[PDB]
Amino acid sequence: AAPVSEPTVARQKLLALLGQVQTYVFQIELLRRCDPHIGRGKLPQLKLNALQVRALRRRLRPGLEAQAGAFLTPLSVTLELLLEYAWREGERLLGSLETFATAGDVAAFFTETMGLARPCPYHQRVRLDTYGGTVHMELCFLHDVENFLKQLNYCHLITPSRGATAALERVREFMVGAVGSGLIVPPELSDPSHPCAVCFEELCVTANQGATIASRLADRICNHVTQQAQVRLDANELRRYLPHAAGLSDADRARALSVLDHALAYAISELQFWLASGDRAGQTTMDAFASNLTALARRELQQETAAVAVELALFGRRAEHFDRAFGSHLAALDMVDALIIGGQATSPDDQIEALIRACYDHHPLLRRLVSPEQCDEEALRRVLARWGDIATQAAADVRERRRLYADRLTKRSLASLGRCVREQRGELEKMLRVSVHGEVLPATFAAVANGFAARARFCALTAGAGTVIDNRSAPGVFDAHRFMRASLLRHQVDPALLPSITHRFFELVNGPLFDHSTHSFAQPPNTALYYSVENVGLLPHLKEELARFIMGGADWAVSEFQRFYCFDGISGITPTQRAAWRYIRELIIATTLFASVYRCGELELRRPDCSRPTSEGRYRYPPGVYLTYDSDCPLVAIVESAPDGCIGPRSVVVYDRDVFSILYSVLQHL
Amino acid sequence: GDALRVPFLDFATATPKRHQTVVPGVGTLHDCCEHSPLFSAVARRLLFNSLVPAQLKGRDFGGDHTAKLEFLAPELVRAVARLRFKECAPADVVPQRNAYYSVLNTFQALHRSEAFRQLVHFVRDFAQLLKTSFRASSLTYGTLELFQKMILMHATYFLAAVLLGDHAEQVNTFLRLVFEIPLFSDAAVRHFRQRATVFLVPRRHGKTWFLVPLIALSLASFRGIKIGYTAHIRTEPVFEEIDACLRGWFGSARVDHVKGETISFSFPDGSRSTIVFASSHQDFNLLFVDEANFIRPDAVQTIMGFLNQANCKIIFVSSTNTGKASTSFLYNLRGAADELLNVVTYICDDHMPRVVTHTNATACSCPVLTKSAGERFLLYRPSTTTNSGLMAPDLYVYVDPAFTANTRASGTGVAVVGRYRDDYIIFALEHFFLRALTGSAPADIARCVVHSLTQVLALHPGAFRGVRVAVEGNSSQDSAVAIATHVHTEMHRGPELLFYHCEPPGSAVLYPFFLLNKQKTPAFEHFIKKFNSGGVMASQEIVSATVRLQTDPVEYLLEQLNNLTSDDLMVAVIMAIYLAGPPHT
Amino acid sequence: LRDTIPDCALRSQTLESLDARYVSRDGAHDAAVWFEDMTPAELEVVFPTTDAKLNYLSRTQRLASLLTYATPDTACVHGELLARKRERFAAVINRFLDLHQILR
Ligand SMILES: Nc1ncnc2c1ncn2[C@@H]1O[C@H](COP(=O)(O)OP(=O)(O)O)[C@@H](O)[C@H]1O
Ligand code: BEF
Ligand SMILES: [Mg+2]
Ligand SMILES: [Zn+2]
Ligand SMILES: [Zn+2]
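Just so you know, the sequences run in chain order B, A and C.
Going by the entry's author numbering, the letters in the first sequence line up with residues 2 to 266, 306 to 403, 407 to 429, 485 to 650, 655 to 772, in that order.
Going by the entry's author numbering, the letters in the second sequence line up with residues 38 to 176, 197 to 291, 294 to 340, 348 to 432, 476 to 602, 614 to 685, 705 to 719, 723 to 727, in that order.
Going by the entry's author numbering, the letters in the third sequence line up with residues 13 to 82, 96 to 129, in that order.
Warning: the hint list may mix true and false statements.
Stated by the list, open to error - Quick list of in silico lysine-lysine cross-link-like pairs, DSS-like style, CA-CA up to 25 Å: (1) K480/A - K528/B; (2) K528/B - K649/A; (3) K638/A - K650/A; (4) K110/C - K480/A; (5) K110/C - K650/A.
None of these hints come from the bench; they were simulated from the model.
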């Protein structure tokens, strides 16, 4: 039990290296805000680390290159993104620090590094390049990359391999710039109101009190592509840490603590412009929020003064970071622009608590708020148990309608009030708390690139290894194709088999992203396709043509002689998908009829997107007739591969564009 | 379990100990690597991917690994095996090794917990029995429907937190993996931990085909945990089916039962978990209420009492018919509840959203404005009389007249709106019905709107410099002009009054009416977007003389608005807001 | 297994020269994956915690993402998103305060 498989030790080494690279890209995102007079001091360390990353992504470059072409994995994708972004930022920061000391300007260095004058590097083009027309969109945000990846998984059965790899490279090049930081997710690219692919998968699964799922995807903040990380920061932070600082002489540390002790001895004015209802004179909630914000401002200003004093004591220089060199642009922002960004000495959680200690005070409703579980419990218990006259009349009716409104707000509508207060609190917390990143983008990117690279790898891997008897070049294959077509266009579909065709059809029209049918808790292909179809918003007049596409001597012979998987005539994204569905239904019904007429062998109508690699470089494509989704060589029949499974010297395969030609060549070879 | 038995990986680093943290499986890393879910959720899954047995990776997962989580190319592994770190700090090597091996020993000790062996023997046995679609095998596939997986999650995430309490985070992650639903926000997984959840399945969709395997495997795998069960008409089929399957795929010497009563499964110990049936009428921990729309009193008391316990999760799986879909006992619960009951419906709220959930239907058996925006709208009203500084100094009033009486569509709609911050707020509403055979319909309508305006003006004195009035003329231009003329005259008894004017086609005359045509679609489109984002609200002291003897005016407006896909008030409100080209004096 | 930091220690020698002379050479072995420590000391006295450092790193990011969107691109759809998000958060916080003012 001593030896562990070498891939496990290599994965542990890669995890350690990913952690180190993440630490390095954190030091980088720190030195992008530090004073240039200190960047010049840390110049040799940054140069050494840049050399390290350069020499690192050359020992892994051929490895990661072979990996991308064979079954990408979230670890490899995250490592590629972090290595590339760390290399980029290392070179850029080194260049921007060496540009400094030629100009000697701090504001210029900050407008360079933090990117204050760059021309919005968060734009990108894709050019999906499907059959029947090439639809091109523009990645701007993160949810846009997620939507494009889901769109590619959906229209996976039309786009070719190389077009998909090109689009995926042009998407990874944007992810390197967006998901490359992996830690702070700049707010220019984040729209949490847009639910990602997993918000739908966790809304289908959780409770839905009526409320069709399309009516719940409007209120969700989606909490997955940009997490919150719940940062907490003490009050007397530096005073706790100054006695035990690293590399400080005891005399200097003592006099620094002395200077600290000695020095320890927002836009509130713009609150009255806010719409504050209720009584104007007296203890109100807006004044309490103003007092809380004033206390937080006092704490932050005190911490800042203490920091300036202790820096003047220890080093003797008032360092200029990105919050002190741009204090002119700061300290002039409105209340909201100071709430969204601010508090280098507090935490967004301190702002949340400063608001909530002002809202919830001295009051029924708070009981429902604090513990909704007991509220639903008591609900279930209750269910189981069961001109002058104008002015005066205006005042009177407004009195008797404010009374009725308050009576409603205290007696009824408590479900709606609880839901609305919870959602408002969530919309606050998601805005204030520090969004770090999510783990959805690399997961979906790997899940889609895996399927596409698997299709390409099967197309390239069954090239030789035996007889490659091709039926796309037709000497007389008409003679043996029309005969088989007439021999299969003769029998009935035997509707006792439709519960199998309706499953082996959705198992092919589906995509490689949403498995949901190979989970070992598998769901039928119905829902496995309903996910990949409803996520990418589909016209309801198309969603029924998925379910009812098999309930019905034609309609399973819609292919021409040589052009089975060929969309030369049609153009678009809906009609191309319709022709793809026609061709796939035709293949399935043809296979079923061939089994129900001839008892030669089994076909099982497999897909190349399956057959995940083993511990190392082994694929073992099993026998059967594959779909391969390739308009240049759609049908590939592996009549017999090998005793082990992998395509070896005895793995005679049959290419063909013509479905019935495959169904005849299988019979001839078996 | 493979990734738990990994050696130290010396892996020296430069970060001070005051910052570094210990991630399992790997050595000691800087603290930032614990804040970024990009690396944390990878170093946390490649480890828990070893506790998951080999029968829960999937149908096609790879040879001997979850190839979509742990796969290194045959060239990247050979190029990685030649990477070597600093490897050491002789004064600092021993503490780091101790910390890493201590965390990994915590994990390994979690691997050996008997209560965890039971949870494994449950989920693995379930995913294995499901391969044969729950046949009578002693121990083409048997795919679960969606709710047949939600019930399993509700049972497993509960029994995990109850039997294994000292491993909340680790077992939570292990179950997230084993259900193949990783990267789930902890709010949902926490929602799975709740008790007293209600299901509503249509008949013949499969509720007893999945319960009795759930019951049998929640019996035979876990130990010492009872299982309640109750139904109205004396449960005998489900009881006999549980007996059959248990004696089938387990030793029939182990099962012991008396007809229509306690079933018990034996064990090497004296655990002997039971299914005591409460249909004929202590600690149960399941109490599978199999029918919850037909209960008789004095039987609801046991269910109301078991709620007082802390270990029971009363699952109200109860069938529906769609001929009695609105069950007198549960479908009312969706009113005042939060993540409690989940219906299994394929024809949703409307008469035909079936095309939406069409592909979601079993294969074997073969609203413009959002509700939240409406609830938020009626639920929160700003007090305009005390926040007047937030209002724009202009009032906009739209009159959508109907010049008939004794008809339901004969109502005249009036709306008085303005800007509030950058949003829109309604100050007044009227849904006015002509008295039959009056001689002065335009003046009656004018008197109605003037009375509304006056009240709004008196409630906010000195707030408004202008009021701009549009009278829709589609019905009758002359009658619309007459209304404007009476409004004009009556208002003559400060704020300036301006009418929208219209130069009808082929005319040079500017009439004080508004013609609603090309601007309808933009107006509606903008409203819908604004309303849905929380940008249109009603004044807390909203005025209405005509909606003051039967219903709340805001509630009434919202009923009309929820018809978007008698509309005089909706049209007036949407158009008054659209108004808020120049109108004049 | 000699480390890279005790390999080269000298004057500026612009980064590409070092890459050419030390690591791009094919005769090397490419050991020593030990990184260095680049965060300074003047940045630890004032932010002495990965939590505080991350909070400051996020505050400056949220400020920079405001200064760049405040030659005539004038649309920069990221700018419109960042204005819509601010104008939504303002209304949401105002209504969250006002509603609890009314609940009394
Ligand atoms: N996804 C499914 N997996 C397994 N059986 C299913 C599925 N969908 C439908 N069935 C079939 O439906 C039947 C279950 O009906 P049952 O649950 O007893 O109905 P009721 O809800 O009226 O008690 C079984 O014949 C079962 O095979
Ligand atoms: F679908 Be049933 F319970 F006859
Ligand atoms: Mg029955
Ligand atoms: Zn999301
Ligand atoms: Zn832009």
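Each hint tested on the structure:
Under the criterion of a C-alpha separation no larger than 25 Å, the hint pairing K480/A with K528/B is consistent with the structure, at around 22 Å. At roughly 22 Å between alpha-carbon atoms, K528/B and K649/A fall within 25 Å of each other, so this suggested pair holds. Between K638/A and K650/A the alpha-carbon distance is near 20 Å, which keeps this suggested pair within the 25 Å criterion. A threshold of 25 Å between alpha carbons decides the hint, and for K110/C with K480/A the separation of about 22 Å falls inside it, so the pair holds.
Restraint check for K110/C and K650/A: the C-alpha separation of about 14 Å stays at or below 25 Å, so the hint holds.
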